[PDB]
Structure formats: structure tokens, C-alpha cells
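Q: Now for the letters of each chain:
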Amino acid sequence: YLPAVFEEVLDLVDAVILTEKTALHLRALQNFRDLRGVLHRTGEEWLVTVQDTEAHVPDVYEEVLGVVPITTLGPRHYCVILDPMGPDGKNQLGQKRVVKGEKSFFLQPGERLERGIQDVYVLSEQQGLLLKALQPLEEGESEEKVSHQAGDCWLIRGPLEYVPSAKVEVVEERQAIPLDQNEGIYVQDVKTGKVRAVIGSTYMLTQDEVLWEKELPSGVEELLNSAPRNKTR
Amino acid sequence: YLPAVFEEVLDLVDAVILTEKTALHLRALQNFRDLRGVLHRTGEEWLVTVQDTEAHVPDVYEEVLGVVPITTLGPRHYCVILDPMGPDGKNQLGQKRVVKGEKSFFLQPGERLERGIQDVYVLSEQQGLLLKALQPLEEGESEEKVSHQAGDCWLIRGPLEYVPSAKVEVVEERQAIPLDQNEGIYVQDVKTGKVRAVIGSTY
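These protein sequence lines are chains A and B, in that order.
All letters in the first sequence, in the order written, are residues 204 to 428, 449 to 456 by the authors' numbering.
First residue of the second sequence? That's 204 in the authors' numbering, and the numbers climb one at a time after it.
Just so you know, these hints were derived from the structure itself, not from any lab.
Every residue, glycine too, gets a C-beta built ideally from N, C-alpha and C.
Treat the hints with care, since some could be wrong.
[Stated by the list, open to error] Derived EDC-like pairs (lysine to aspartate or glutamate); straight-line CA-CA distance at most 16 Å: (1) A:224 x B:322; (2) A:224 x B:247; (3) B:306 x B:291.
[What the hints assert, rightly or not] Here are some of the chain B residues that sit facing chain A, going by a computed Cβ distance under 10 Å: (4) 246; (5) 337; (6) 353.
Assemble the whole structure, with the sequences as input and the hints as a guide.
A: Following this line, the structure appears as C-alpha cells:
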């Protein structure tokens, strides 16, 4: 290209190589039309992938911010996207989506993850997850398909795979209670305060139950005759 | 070749010798057509083997990354390929395939192995493998052909050969319990906590 007399050359522009693992983040410096014919007003941000071109050329009306890697969710990996895209095409500020099921996508502009590619909760028949329904009475969208009020607690158990829904928060992992005959733990139903001792087979604390403290007045050394005894046992 | 006046010589290019044990990894610097007539857009990566040519010539539109050795799986060797090829021809990012049965292949671009040419689990009548079904209820694709829920545990035993499926993980190798008459171990069924003493034959 011979630079015309009325033209002056600044520098050469290199088209960033667009792979299946990379995307180009661009913002418009002015109202214009890109190479593929997409309206881009000033301040708008968009993504360019291999579906558009194999190597997009940075334009004078396009400002490059960086390269967006494809966040790949594995078969047991989930993620919570903050400030997502709505169907209108804007940041849904203040909300969050949950994505799972072997998905691979590029981070749309103005998005960031809660933790980032979390491991999906897998729990056996001897594991449990305590949950709190922090939002107004989700009847569906849960494994149980049962409404949970705004604030209460419940336990999910069984050899299944759980993922934190967009309206629930995990509290703790219920485990570590193996029980034998004539052996047990003191449990207190915090809802109504009915302290009781479960004896026999392995028992897991219900949503409203918790371990209870049993005190023996000056009787520990008599019945125990190094390590401190489990008072909840 | 007499270099033409309008041409200028850079250097000579040597065709990499393609053997049955080697493959050429290439990426396109621009949209072009290779020697054999294959469309190659910018950024695409492909492999060239003896099936294509005995010695492929690095082109100006082709960038050489390295040589891909043929990962040979022995008769008792398996492997778990991360980010495999789907039928469409792209990296299946986040998934994994299991390959066994005396297979020999070249690593497709954008692939790497979990451990690499693992020894296939062979267990006798006195050996066992504890497994956890970490994915949703595989009815088939297992030796037992029985569904296992998402998280529970089960034991596989017998003089067979096992390979970790693409949906299961191995936990431990059950062994070291030889028992004689009036001899035994105290065992606890953790599911229900029924502690009991097994006595007599090996258990």
C-alpha cells in the first residue's frame, strides 16, 4: 500500500488470532459499523469469536481491552455468573445465573463469577447439606419441588448431586455421626427444644436438630476410669 | 532454482520425516489451501501423518509447533484423554474419553492425558476395587450393567480386569483380609452401624 499524499501512516495493525479457546473484547470509541455489519454505538462492548471471524482486525473505532478465555464447566463443575446478560442484551446488574451441565462459553462484557468453576456438590447416602431458603418461597426449581419459606432451614440427603440454586445458600455439610447398638448422641430440636438421645443405628441430624451438651457433675473420673470425653456422646 | 529478480531467497525448508511413530503438528497463519487440498482457516490446528505424506513440507502458511508421538496403549494399558475431539472436529473442552483395547493413535491438537498410559486394573479373586458413582445413574457401560446413583459407593470383585469408566472414580483396593477358623475381624456396616465380628473363612 503506497500511502497517499493526503494520507499519513501511523503503524500496522495485527489481527488477533481468534481460537475456540479465545475471544476478543472490544468497545466502540464512536458510532460506526464493524466489518460484519453490526451497529455499535459509543460505549457499547461486545465479543468476537470464531463464529464471527478467525482473526478480527482491531479498527480505529474499536478499542481492545483483552482476550476472553472460554470458561469451561466440567461434568461436575458449576458457576454463578454475576451481572448476567438478559434477553435484551444488557448487564442484569445485581442478579446471578447458575450454569451447569458441561457448558463452555465466553464471559460476556461486564460479568464476573462468584468463586469460579466450583465443584458440584456430590454427596453419598452418608452425607448431607444444610440449606437456607433466603428468597421468597421457591416452589419449583429444586430437587424436592417443595416450597421453602424466606429464611427457614432444611436438609437435603441421599446419594445425589446437588448444585446451589440461584435462590438458596449452603450452610454446612451434615456428616460424621456413625452409631452402633447402645451408642448414640444427645440431640436437641432447636425449633421446640426437645432434647433427646438417639440410640442404635446411624442417625443424621434433622434440619431442626443439633448436638446437645451433657454435663456430669464430678462423675467423669468415676465412670471414665487421657483424651476429654465426648460430652455430646 | 535460479531466484528471479522480483523474488528474494530467505532459506531452505526441510520436510520433516513422517514415520509411523511421529506426526507433524501445524497451525495456519492465514486462510489457505495445503498441499493435499484441505481448507485451513487462520488459527486452526491439524495433524499430518504417514497417511497424508511420508514427509510434509512446512509452508509459509503453516507454523510448526512440534512432533506428536503416537501414544501406544499396550494390551493392559488405558488412558483418559482430556479435551477430546467430538464428531464435529473441535476440542470437547471439559470432557474426557477412556481408550483401551490395544490402541495406537496420535494426540489430536489441544489434548492431554490425565496420568498417561495407566496400567489397567487387574484383580484376582482375592482383590477388590472400591468405586464411587460420581455421575447421574449409569445403568449401562459398566461390568455389572446396574445403575449406580450419584455419590454412593460399591465394590467390584472377582478375577476380572477393570478400567475406570468416564463417569466413575476408584477409591481404594480391597485386600489383606485372610481369615482362619475361630479367627476374624470386627466389621461395621457404616450405612446402618451394625458392628459385627465375621469369623471363619476369608471374608
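Q: Starting from residue 224 of chain A, check that the Cα of residue 322 of chain B is at most 16 Å away, please.
A: violated (32 Å)
Q: Can the restraint linking residue 306 of chain B and residue 291 of chain B be considered satisfied, given a maximum Cα separation of 16 Å?
A: Between residue 306 of chain B and residue 291 of chain B the Cα gap is close to 22 Å, so the pair fails against 16 Å, i.e. violated.
Q: Does residue 353 of chain B hold up as a contact with chain A if the rule is Cβ-Cβ below 10 Å?
A: Holds, because the Cβ-Cβ distance from residue 353 of chain B to chain A comes to roughly 4 Å (cut-off 10 Å).
Q: With a cut-off of 10 Å on the beta carbons, see whether residue 246 of chain B makes it to chain A.
A: holds (5 Å)
Q: Is the hint on residue 337 of chain B kept, meaning its closest Cβ partner in chain A is under 10 Å away?
A: Where the cut-off is 10 Å and the nearest Cβ of chain A is about 5 Å from residue 337 of chain B, the hint holds.
Q: Is residue 224 of chain A within 16 Å of residue 247 of chain B, Cα to Cα?
A: Status holds; Cα separation ~11 Å.
The structure shown violates the earlier hints numbered 1 and 3.
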